[PDB]
Amino acid sequence: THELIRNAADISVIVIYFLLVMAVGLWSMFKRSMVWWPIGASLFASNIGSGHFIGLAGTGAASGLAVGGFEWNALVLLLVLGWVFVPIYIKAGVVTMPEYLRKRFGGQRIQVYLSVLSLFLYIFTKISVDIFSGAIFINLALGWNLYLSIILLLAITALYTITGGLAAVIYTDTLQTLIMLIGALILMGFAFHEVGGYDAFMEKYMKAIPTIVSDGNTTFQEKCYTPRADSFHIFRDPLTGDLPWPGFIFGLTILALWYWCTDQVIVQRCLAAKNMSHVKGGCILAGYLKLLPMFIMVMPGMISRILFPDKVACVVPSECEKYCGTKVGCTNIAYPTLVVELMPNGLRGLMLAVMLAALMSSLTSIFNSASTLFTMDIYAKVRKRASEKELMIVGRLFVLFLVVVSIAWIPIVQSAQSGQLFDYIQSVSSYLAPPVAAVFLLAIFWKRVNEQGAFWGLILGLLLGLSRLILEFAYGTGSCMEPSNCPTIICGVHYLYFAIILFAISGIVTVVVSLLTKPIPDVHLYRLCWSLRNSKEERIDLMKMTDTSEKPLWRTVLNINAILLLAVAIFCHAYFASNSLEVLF
Amino acid sequence: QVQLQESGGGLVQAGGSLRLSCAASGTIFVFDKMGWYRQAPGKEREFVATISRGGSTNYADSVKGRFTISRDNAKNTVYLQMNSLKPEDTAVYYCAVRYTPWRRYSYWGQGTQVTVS
Ligand SMILES: CC(C)CCC[C@@H](C)[C@H]1CC[C@H]2[C@@H]3CC=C4C[C@@H](OC(=O)CCC(=O)O)CC[C@]4(C)[C@H]3CC[C@]12C
Numbered sequence: 057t058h059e060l061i062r063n064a065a066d067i068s069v070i071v072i073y074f075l076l077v078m079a080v081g082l083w084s085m086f087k088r089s090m091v092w093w094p095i096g097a098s099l100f101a102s103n104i105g106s107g108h109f110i111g112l113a114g115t116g117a118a119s120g121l122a123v124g125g126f127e128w129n130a131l132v133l134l135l136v137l138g139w140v141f142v143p144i145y146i147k148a149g150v151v152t153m154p155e156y157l158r159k160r161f162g163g164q165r166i167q168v169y170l171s172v173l174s175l176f177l178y179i180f181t182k183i184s185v186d187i188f189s190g191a192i193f194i195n196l197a198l199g200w201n202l203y204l205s206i207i208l209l210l211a212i213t214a215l216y217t218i219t220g221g222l223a224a225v226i227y228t229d230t231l232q233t234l235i236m237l238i239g240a241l242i243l244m245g246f247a248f249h250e251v252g253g254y255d256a257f258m259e260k261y262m263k264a265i266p267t268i269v270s271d272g273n274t275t276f277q278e279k280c281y282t283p284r285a286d287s288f289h290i291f292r293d294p295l296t297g298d299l300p301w302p303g304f305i306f307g308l309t310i311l312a313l314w315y316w317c318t319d320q321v322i323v324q325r326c327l328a329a330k331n332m333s334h335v336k337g338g339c340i341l342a343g344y345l346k347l348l349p350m351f352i353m354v355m356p357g358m359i360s361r362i363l364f365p366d367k368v369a370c371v372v373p374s375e376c377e378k379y380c381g382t383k384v385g386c387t388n389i390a391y392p393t394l395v396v397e398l399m400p401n402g403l404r405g406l407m408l409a410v411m412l413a414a415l416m417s418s419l420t421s422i423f424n425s426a427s428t429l430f431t432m433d434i435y436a437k438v439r440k441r442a443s444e445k446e447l448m449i450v451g452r453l454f455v456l457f458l459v460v461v462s463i464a465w466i467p468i469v470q471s472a473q474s475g476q477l478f479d480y481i482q483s484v485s486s487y488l489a490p491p492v493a494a495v496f497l498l499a500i501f502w503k504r505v506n507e508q509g510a511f512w513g514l515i516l517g518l519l520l521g522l523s524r525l526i527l528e529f530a531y532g533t534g535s536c537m538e539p540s541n542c543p544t545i546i547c548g549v550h551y552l553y554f555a556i557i558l559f560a561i562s563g564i565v566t567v568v569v570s571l572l573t574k575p576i577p578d579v580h581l582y583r584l585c586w587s588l589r590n591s592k593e594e595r596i597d598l599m600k601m602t603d604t605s606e607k608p609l610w611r612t613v614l615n616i617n618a619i620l621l622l623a624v625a626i627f628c629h630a631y632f633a634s635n636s637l638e639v640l641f
Numbered sequence: 523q524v525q526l527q528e529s530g531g532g533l534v535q536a537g538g539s540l541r542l543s544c545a546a547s548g549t550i551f552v553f554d555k556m557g558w559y560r561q562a563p564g565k566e567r568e569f570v571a572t573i574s575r576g577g578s579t580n581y582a583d584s585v586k587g588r589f590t591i592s593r594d595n596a597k598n599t600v601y602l603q604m605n606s607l608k609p610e611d612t613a614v615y616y617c618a619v620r621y622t623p624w625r626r627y628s629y630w631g632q633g634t635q636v637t638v639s
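Top line first, the protein sequences correspond to chains A and B.
Note that the working numbering numbers the first sequence so that position 279 is 335, with each residue one more than the last.
Note that the working numbering numbers the second sequence so that position 102 is 624, with each residue one more than the last.
Just so you know, these hints were derived from the structure itself, not from any lab.
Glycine is no exception: its CB is placed at the ideal position from the N, C-alpha and C atoms.
Among the hints, erroneous ones may be present.
Unchecked claim - For the chain A half of the interface with chain B, some residues (derived, Cβ under 7 Å), not all of them:
| no. | residue |
| --- | --- |
| 1 | 262 |
| 2 | 635 |
| 3 | 637 |
| 4 | 638 |
| 5 | 639 |
| 6 | 640 |
Using the sequences and the hints given, assemble the complete structure.
Right, dumping it as C-alpha cells:
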C-alpha cells in the first residue's frame, strides 16, 4: 500500500476540487435571514470528520454493534432545541448562554469562570483531535511521518482562511454534505459484495484473529484478541459488559443536553433564521439525516476487520508499532484503510479531498470563536481602556498559543483508553461537563435559586471532576495482561456511571446552599424563567426575528411531522433489540 | 459454509413408523425455528411441523395427533417421530432453519425420499 495514490487519475481531482472551493470563497468575498435547508446541513455536519470517520468506525471494528445507538439519542435531543429552548433565548433578548446567566443572576464572576472553562474544553476536545485526524489521513494516504503532516495540514488551512473561507460557509457546507453523503453509500455497496452478503458477514466476523499471537517468550491470552460473545446486542449487561444499558440511555442524554443546547456556534446558527417555521424545518431535516450512520459508518468497520485482520486487529507490541505508530492498539486505521484499498481510480481522490475539506472548516470556526471569547470577555475586563489596534494584535497573538499547546498535547490522545478515540472524548466530556447542565436547568425552571448557590455548585463539581481526571492520566488505564494500580474507589466504576453521580451531587449542593440565603424579587425576573415567560410589564434588571409568531397551518404540519419522526426512531430501537443472535458452546 | 446432513428415509407399509433427523454443522450460532416442509411429486409445498427454541410446537391440522417433534436443548439437532403411516403421505421432505424471528428462512435442506406401500 501507500503507493496506490501515485497515479494521474485522482491528483487532478484533488487539485480541481480545492481550486473550486477557493474560487467560490474568493468570489463570495466581493459580491442573515436564512431558510430551512442550509440550517439542516449546517446542523448535521458539525462533528463529522473526526467523530464519524475515526471514532464510530474504530469502535465498531473493536467492540461491536452497540455504538450506533448514539445518533438516535442525538436526534431525540435535537428535537428539544427547536421546540423548547430557542424561544427562551428569543423572548429574553440574549444571544449566548453566559450573557443569559449575567442577566439572570448578576455579578461578574460566573461569566468569567464559564469562559475560562470553555477554553479548556475547546483545547481538550476539538483542536488536538482535528489535527490528529488530519495527520492520520495524510500518513495513510501518502506515507510521511507525523511531524511532516501536521505542518502540511496547517499550511493548507492558512491558505483556506486567507481567501475568505469564513464568509461563504453555506454553499460549501451544503455541497460537502451532499457529496459526502452520496459517496458514502457506494463504499457500503462495494463492501457488502466482497464478504458475500449479509449472512456470511455475520458468520465470518466471529473468527477474525491475528496470526502472530506470540512474543519471544510471552504467549498472549485467548480472550485478548477474539471478538466478544455479545457483538450483536444493542442493550448489554449493566454490571459486566462495556457500554451498559443504564449508562447508554441516561449518561448520553446528560452529555448531549450540554452540547446541543448550551453551545455557541449552534445557537447563533439557529438564532439567525428568518422566521420561527424555518428553525423547526431545519431541526426536522437533520433528525431525518441522523438515522444513517449505523448502516453507513459502523458496519464498514466490521468489514474492514474481516478483510485485513493482521493490521486492524494486531495484539503483539513489536508488530503494532510498525503499522500505526503506537504500541497499544491499532483500531483507528479501520476506515482509512477501506477507502484506499477498495475504491476505484476515480473516487479514491475525491473521498480524501472531501474529508480534508470538511476537516479544515471546523478548525477555522473554532479559531474564530475562541479568539472572540478571549478578547471580549476576559482581557477587556482587566484593562477597560484599550483601543482597536491593541485588541486586534491581542486577538491575533492568541491562536499561536492555542496551536502550540494543542500540538504539545497530541501524544497523549493517541495512547489513551487502550487506543480508541470514542472513549477518550466521552470520558473527558463526562469528567468536565455535567455540573453545567444542572445549574442551567435549575436556573431556568425553579425561579428561586440565586447567585450564592450556582457558584459553589460549579466549583464543587469542578473539584470532583478534576480529581478524577488527574488521577486517571498519572496512573494509566490498564491493559490486557497487566491491570492498572488505580485506587479503585474513585477509579472503579464505568465513566458513564460518573456523569449521573456528578449531576446529582451538583444539584444537591446548589439546592442546599440556595436555601440558606436571601432571595431575589420578581420585579427583576420578568421573561427570564419558565413561569414568568408571558408577563407584559417592565423589569428593572440587574431580517431579525424577535416575536416567535407563525401562521396557524404550518404549525400543524410541523407538529405532525415531528410526531412521525419520533415514531420512526422508536421503531428502529424496537427492531434491533427484538432479534439478536446467541452463540453456542 | 453451513450444510445440513439428514437421514432416515425408506419404505414402510400402511400402519408403520419411521424416524427422520437433521443436523446443521459448520456454524457458531443457535438457530431459532428448525422446522419441516414436504412436497408431493408434481404438486406444491406445504407445512408439517416446527419447534422453536424455548419449546412451542406448531403442527398442521391435517396431521395433528400422529406426528411428534422434539429438539435437543441449546444445540442444533431435531427429530421427527412419525406414527401410524398411511399411503397418502408419500413425498420428499426438506429441513428449514432460521436465525432470528423476523428474517424468513435462511438455509434449506437437500431432500429425503420416503414412499409407503
Ligand atoms: C421523506 C424523507 C425521506 C426526507 C425528508 C422529507 C420531509 C420529512 C421534510 C423535508 C421537506 C420538509 C418540509 C419542507 C417545507 C416546509 C414548509 C416550511 O414552512 C414554509 O415554507 C411555510 C411557512 C412560510 O413560508 O412562512 C416549514 C417546514 C416544512 C413543513 C418541511 C417539514 C419537513 C419536511 C416535510
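Hints and how they fare:
1. A hinted interface residue such as residue 262 of chain A counts as satisfied when its beta carbon comes closer than 7 Å to some beta carbon of chain B; here the least separation is about 5 Å, so the hint holds.
2. Annotation: interface hint on residue 635 of chain A holds; nearest CB of chain B at approximately 4 Å, less than 7 Å.
3. Proximity of residue 637 of chain A to chain B holds as hinted, the smallest CB-CB distance being about 5 Å (cut-off 7 Å).
4. At about 5 Å, the closest approach between the beta carbon of residue 638 of chain A and any beta carbon in chain B falls short of 7 Å, and the interface hint on this residue holds.
5. About 6 Å separates the beta-carbon of residue 639 of chain A from the nearest beta-carbon of chain B, less than 7 Å, and the hint is met.
6. For residue 640 of chain A, the interface hint holds, since its Cβ comes within 7 Å of a Cβ in chain B; the closest pair sits about 5 Å apart.
Hint check: no violations occur; every hint is consistent with the structure.
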